[PDB]
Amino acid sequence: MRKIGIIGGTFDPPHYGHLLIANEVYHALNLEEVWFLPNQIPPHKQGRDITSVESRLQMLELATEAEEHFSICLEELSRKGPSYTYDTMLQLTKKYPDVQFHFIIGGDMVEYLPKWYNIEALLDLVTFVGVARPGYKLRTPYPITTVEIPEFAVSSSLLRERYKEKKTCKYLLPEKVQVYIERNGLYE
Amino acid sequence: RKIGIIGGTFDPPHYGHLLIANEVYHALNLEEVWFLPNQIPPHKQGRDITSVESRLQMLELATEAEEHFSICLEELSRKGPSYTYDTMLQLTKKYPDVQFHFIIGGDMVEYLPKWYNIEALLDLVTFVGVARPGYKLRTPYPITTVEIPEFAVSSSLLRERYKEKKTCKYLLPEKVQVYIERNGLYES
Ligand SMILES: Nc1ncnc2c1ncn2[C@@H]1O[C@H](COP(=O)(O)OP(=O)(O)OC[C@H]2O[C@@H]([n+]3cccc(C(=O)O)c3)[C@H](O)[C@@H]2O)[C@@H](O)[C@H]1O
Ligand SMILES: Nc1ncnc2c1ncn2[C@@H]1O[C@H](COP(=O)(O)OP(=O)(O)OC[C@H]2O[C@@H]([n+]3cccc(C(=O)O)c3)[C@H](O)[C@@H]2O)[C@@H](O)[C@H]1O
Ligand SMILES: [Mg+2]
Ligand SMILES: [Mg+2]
């Protein structure tokens, strides 16, 4: 099953920018499917806070369950420590020898690439697909694939701020995710 | 009474229309927002546009679920080209109760110098600009601004995409999608 997309994330919370870039890359590159890959500990944001894996997982399920071309990969949640993508992609490449993985990143992560653990070796394990994001730019010296989408400036940190400040989040993320955030008072 | 007006052609209406309407309604504590479809757009005369009953059908589908959104049918009676200045004269005289906030995206912010009776219009109504990717709010005119999570969705892209059978997931409401697809709008 050759062409598979994988979107790595903290998903804190998941939102329409995640679903948008996943669906757009899926159509653009004729992928068989897209795997959402939630991290246990974000390797670049190790000191911080972040909501439980359990609530992040539940949001992600809510966010993606409608979608049959979407599924959740738990490889990192079954590992201790910071979730380095090179380690994960090593495991998945050997578990799935007949898949060409396309790792999907937004503009801000394309810029941060030079600081990823084992970046140069990672680029040989996987095909990176960068997608534009307002305020970031897709220019990178690394040989990545690029897909054009209708850019959406929603972020997880913006959503967290707005929930705290009691500001509207309508049209920013799935209604099912909104329902769960408000029920459990995450981000207030 | 602070009331929003978003004039547009709505061919089709999409999440960018709904987003900006919601964003200003909350940021300016509006009582509600009116969607004002034009009979003939002043600046796209002839062009190639969808019928007014069809655009009206879609706009209803786009906004029906929304309690704080109604549609204003003022431009739909009489003449051809819908000049906003005339509309707002008529609305201002009719409801001296209400302070109208006319909502425009950044592309329409840019084109303001070419609007009919622009200077007299600015005296009539409060303009509210919202950013659009690929158009920052630079204007020498004294308009009110609200900061939004920008979405690069456009009507012409959706037209093009429907014609090419490309995905429109997350870009516009499902009810509107159902209508376009079933009547085979925008194809060829
Ligand atoms: N509005 C939007 N438009 C376009 N793209 C958008 C977006 N919002 C988020 N995104 C993108 O979606 C993805 C998920 O966002 P978010 O949930 O915040 O994810 P984030 O915490 O930024 O992490 C992104 C991925 O990169 C991995 N990473 C980062 C840094 C170093 C290393 C390493 O191994 O050394 C690995 C991390 O483990 C995860 O797999 C990101 O790629 C982000 O850029
Ligand atoms: N993604 C996005 N992000 C931010 N804003 C977005 C947007 N997509 C549409 N918009 C905005 O939504 C609104 C509606 O979109 P669209 O259907 O394409 O509307 P459009 O045809 O641009 O018309 C905008 C309004 O301006 C009026 N106008 C235009 C030119 C001259 C004059 C005149 O009186 O001489 C009047 C026109 O009759 C209509 O009422 C527009 O303001 C557009 O800029
Ligand atoms: Mg990020
Ligand atoms: Mg426009």
Contents of the next structure:
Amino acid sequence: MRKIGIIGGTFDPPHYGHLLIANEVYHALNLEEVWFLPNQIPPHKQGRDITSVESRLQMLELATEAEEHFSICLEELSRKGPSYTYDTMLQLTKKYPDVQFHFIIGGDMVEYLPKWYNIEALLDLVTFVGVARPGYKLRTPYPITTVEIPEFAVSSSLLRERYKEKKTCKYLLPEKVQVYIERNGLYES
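The form solved without nicotinic acid adenine dinucleotide (DND), contrasted with the form solved in complex with nicotinic acid adenine dinucleotide (DND) above:
Shown next is a single chain and nothing more.
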């Protein structure tokens, strides 16, 4: 069974929190690759002024081009939204029967797994990996694998807020991505 880690999110924009987690679990659990699964844009959701999936893909490409082991998974973008993880993992599970997928989540999403659609069936399809800081233990009734990580508490929403409020983004996400954001004036301006 090939071990491939999956990291979901909007990647609007992608940041060192995404890369840090991918690299850590990739090593801790000896995975083959880690795939970044962009979310499809939700309906009604920002049918206003927001990033096109096209720009997210570009930044995501800028952020992962230097790693042969990190690749993009357009599975959720292949269908119209919203995207349920279960349905999504069902498909990757039929396209890649030789793979034991590891769905990776931040320490704080763990308490919300009960609200995920079909979580019990989903736990049959993939093996959940929860990321936590040294010594802190993840509590949940679902089987999860914990991987101690020098966690970076940055997020795409914090980054979007900051680009508008014209705040600092230093050390938060890849420079190449930052250049992309400014050249195209995303969020900022």
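Take the two forms, superpose them, and find the largest set of C-alpha atoms that agree within 1.5 Å; that set is the rigid core. Numbering follows the first chain given and starts at 1.
Here the two forms are overlaid on the core, and between the two forms the C-alpha of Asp49 is the only one among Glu54, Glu120, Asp49, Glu148 to shift by 2 Å or more.
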